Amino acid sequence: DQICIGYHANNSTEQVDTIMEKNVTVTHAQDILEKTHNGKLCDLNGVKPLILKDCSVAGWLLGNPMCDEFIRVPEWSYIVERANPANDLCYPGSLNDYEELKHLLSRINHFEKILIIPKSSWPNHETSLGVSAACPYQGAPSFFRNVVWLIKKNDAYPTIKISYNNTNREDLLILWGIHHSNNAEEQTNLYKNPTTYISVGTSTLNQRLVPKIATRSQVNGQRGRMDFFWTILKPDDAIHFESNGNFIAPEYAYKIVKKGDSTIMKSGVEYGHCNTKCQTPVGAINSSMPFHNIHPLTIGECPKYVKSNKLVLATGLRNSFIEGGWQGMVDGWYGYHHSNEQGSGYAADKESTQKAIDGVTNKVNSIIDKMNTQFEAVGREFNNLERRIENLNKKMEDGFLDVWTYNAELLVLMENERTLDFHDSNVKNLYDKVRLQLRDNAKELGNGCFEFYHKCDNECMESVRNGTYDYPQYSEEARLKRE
């Protein structure tokens, strides 16, 4: 007659690694890496992205004839641009501090186009001839919608002197431009005056632009260029313009209220009519895990980006003193095996099992819950002449990856070694617990099993489970069986 101690086993093929052991099959495990995304582009905390479709921020702000004319959405969480937008600046040129405009515009609380300078103004200049085949619309030379390319009237370009006082109680993005002529004959044809200037002045601005009449290479069929510039007029200030030529005037402006920052995402994915707290260019993440492998460039409260393909934490017994585990036990992690004629089968320690499941559950939940995330946009906004600042971002991003990867990977290895010793310690505690309540009525064979001199009743079996066994009641019976 005998009794043994044992641990649970199942069909699980899940394999974990420890700091000292590799490829250890376990009964239960948990991965703390999120590898899943929804594959769509969603709202971020209830606000929809501004999806510019084959347009750039420049083509949308200035009025590229082939960009959407109306701003349907008054607010966005992020701007979604295609990798190499097709439309941009139809008339070749430049937009000043473009990348900083895009950061300001990446998340806007309120956006609303308003007419600031009506074409009714400029009665002595021409408002109708300012078109180019570079900016085509419906088979006709057109031009940017929200600015005006003024031209000479009757071989006369009177100097312009115009002001706009912001009465709107909100900041105003205002845009203007300079046309760089290509020869001295072209200059006088478009603007009678041969030497020209643009003077822009606000409370914070003092600008003089002068054309650069020079030979350049054709882009979009034109050798001319247009350089655009922008300012924000604060709620009760004025902007003052003066020019005798080469003035791409403002017609429409945009009311801006800004309370937050995010980034421009370069993605071809499509809107999914969903909501998310974490967004990648490949898709959105719905996870509470600490780490992920979906994409570097995320927006929102996102898991940490690591280089690991799997991060699996053992939460159970090793699966096959006791030579092996009991596939037969089906009601607890730690248990007893009884052998008497009255009955046969297995049994399991209720309290010890729940203590351990709470133990490993709290170990996992801590690792997950201790991670706190800051809303952050990992997008990158730098020019061809800002490539040294680009590497700082790369160094930062890459360094945190190497940190988060090494820490997460060794946390798993270390804590799995602790998780496994935790199990084998609990079982031996039950073995010794039985050994002390069975001092002389038992012998040790070394296989986690005792030798019953006494005849253990099923009630005795349960009396030893409770620990309510009385050794005096059966001490003499052992002396009889012995020798």
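Residue numbers count along the first chain shown, from 1. Under this definition, the rigid core comprises the largest set of C-alpha atoms superposing within 1.5 Å between the forms. Compared with the form deposited in another entry:
- The comparison between these two forms, aligned on the rigid core, picks out a single residue among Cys302, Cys135, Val80, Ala377 whose CA moves by 2 Å or more, and that residue is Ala377.
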Second form
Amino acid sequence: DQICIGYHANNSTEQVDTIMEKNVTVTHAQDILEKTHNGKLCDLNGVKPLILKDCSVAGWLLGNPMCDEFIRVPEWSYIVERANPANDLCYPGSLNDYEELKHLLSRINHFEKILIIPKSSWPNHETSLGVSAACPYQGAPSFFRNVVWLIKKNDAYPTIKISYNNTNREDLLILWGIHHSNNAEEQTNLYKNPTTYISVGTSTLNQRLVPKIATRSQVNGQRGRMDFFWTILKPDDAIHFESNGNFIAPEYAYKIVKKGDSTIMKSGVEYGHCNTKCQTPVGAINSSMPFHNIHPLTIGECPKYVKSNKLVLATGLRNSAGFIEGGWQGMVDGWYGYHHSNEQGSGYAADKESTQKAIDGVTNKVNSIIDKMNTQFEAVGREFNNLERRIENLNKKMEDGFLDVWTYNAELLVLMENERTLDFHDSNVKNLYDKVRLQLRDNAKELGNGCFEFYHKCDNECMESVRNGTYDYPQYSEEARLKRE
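Can I get the form deposited in another entry as well, since the one above is the form deposited in one PDB entry?
Here you get just the chain by itself.
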């Protein structure tokens, strides 16, 4: 007749690795790595992205004829540009500080196109003949919609002096430009004056733009260039333009309210009509998990990116070395338990108030690991041009350096803490074995099989008494002494 102390077992094929042991098969386990994404672009904390479809920020702002998605997205959380946007700056040219404009325009609380300078304001200039084939609507010469290309009237280009005073109590992104002619004849056939200039003036702005007339290669059919510039006119300031020619003048402008920053996501996944806290270029994540293996370029309150394919914590115990050779599959109601063998019956009876302390403790470990990184911050990817490659490497080295920090720390944490969990189970069961012993030492033989050879025949009642620690060895003393000497 004997009683034994044991640990739970099940059908789990789940494996965890530890610092000193690999491919340990455990009963229960929880992966702290989120590997799933919805596959759709979604809203970020309630606000909808500005999905410029085959358009660029420059083409959308200046008003490329081919771009016809609604300018009326009043607020956005991030801009979604396709990589290599199809339609951008139809007339060959540039936009100064495109990348800084895009950054400002990444998250905008209020975007309202207003007309600041009417086409009626150019009485001595022609507003209808500033078109090019390169910028084409329905197979006809057209131009940028929100900017005007002014040419001569009656072989004359009288000097322009104009001003717009922002009266709107809201900042204004005003876009203007210069046309670079290809020859002196082209200069005198669109403008009339040979030497030209553009002056732009605000409180912060002093500009002098002179055309560069020289032979250039042809892009989109034209050997001339249009270089655009921008400023943010403050609530009560005036912008002053002066030109004797070569002026792509502002007609429309944009009201800007700037509160918060984001990035331009480059992706092709469709808007899924959803909301998320974390947005990847390939999908969106809904998770409290601490780490993720999806995409480096994430926007929102996102998990930390690591290179791991799996990060399996151990929420349970081993499946079938120590004094207790194996696990009892038949035990169902507890992790730690007793086995009573006597004449009345032999069965498995688990010990709660030991399993319960274990399940709460291991659960708190998992939750402490998951929640103590509530350091989740708003973060984004970035964009740098082809003459900022050195700054790009700083970004790559920072992003890669943080990756290697988390990947090493996370895996070691999993390996270190999983070992402690498995030994915490081995320590917990010995405390049950030691509690049963030290209460019946003389009456049973410590076989070391995890079992005690009960010299005294114990009924089902003293089994529960041993479980409750209420075994009186005087009550059962001599029946064991007869088997003893």
